[PDB]
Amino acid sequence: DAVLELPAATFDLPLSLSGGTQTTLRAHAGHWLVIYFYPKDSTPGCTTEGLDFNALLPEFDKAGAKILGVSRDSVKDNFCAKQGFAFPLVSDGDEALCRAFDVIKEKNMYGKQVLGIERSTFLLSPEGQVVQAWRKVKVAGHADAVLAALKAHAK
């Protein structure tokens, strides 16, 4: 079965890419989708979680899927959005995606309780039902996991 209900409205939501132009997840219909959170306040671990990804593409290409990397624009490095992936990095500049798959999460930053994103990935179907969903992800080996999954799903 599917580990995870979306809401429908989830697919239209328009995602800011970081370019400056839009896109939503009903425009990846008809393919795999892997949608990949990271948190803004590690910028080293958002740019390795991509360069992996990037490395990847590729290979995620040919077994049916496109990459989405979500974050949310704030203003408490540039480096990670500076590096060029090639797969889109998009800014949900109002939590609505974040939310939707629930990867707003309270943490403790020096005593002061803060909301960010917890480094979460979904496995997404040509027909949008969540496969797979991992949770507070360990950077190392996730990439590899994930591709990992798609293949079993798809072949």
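Residue numbers count along the first chain shown, from 1. Here the rigid core means the biggest group of C-alpha atoms that line up within 1.5 Å when the two forms are laid on top of each other. Compared with the form deposited in another entry:
- Summarising the superposition on the core between the two forms, the listed residues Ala86, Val114, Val130, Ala96 contain exactly one with a Cα shift of 2 Å or larger, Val114.
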Second form
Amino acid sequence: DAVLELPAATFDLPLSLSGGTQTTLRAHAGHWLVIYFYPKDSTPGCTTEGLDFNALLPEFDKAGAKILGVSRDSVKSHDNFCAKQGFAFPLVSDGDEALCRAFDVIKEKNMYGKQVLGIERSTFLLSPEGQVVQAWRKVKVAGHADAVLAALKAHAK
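Okay, that's the form deposited in one PDB entry, but what's the structure of the form deposited in another entry?
For this one, just the chain is written down, with no partner chains and no other molecules.
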């Protein structure tokens, strides 16, 4: 059922959250987890994606699922983004890109005559036993949160 195998150490990585606490993926054992990676706090597309998930939070709750957004911005940046937008789910400050590399979302592009790395907008659904059962890569924001919710409902049944 897994579409991606993560290094075992990934599940014990301490993930710094908005609000000043930490979590780990293993700490989410027992419920579904949506992990959405986005390139940058407080941009038009990334704000749209976060607000879309936030608007659907009660529907994710009805499945007992939790959501985590992830970028490499600082905790302070995440706190400001969460406060301004009213997000009711946490953002991971993956400043060292450890979680991003585990999910293989750091992608290289030949541009400006160089090799340029960056976060590719991507989302994953993690089962209550920690298996990555669905992945979306190179995500277009429009319709995405709705599609993730629909897939979660399909898997959780």
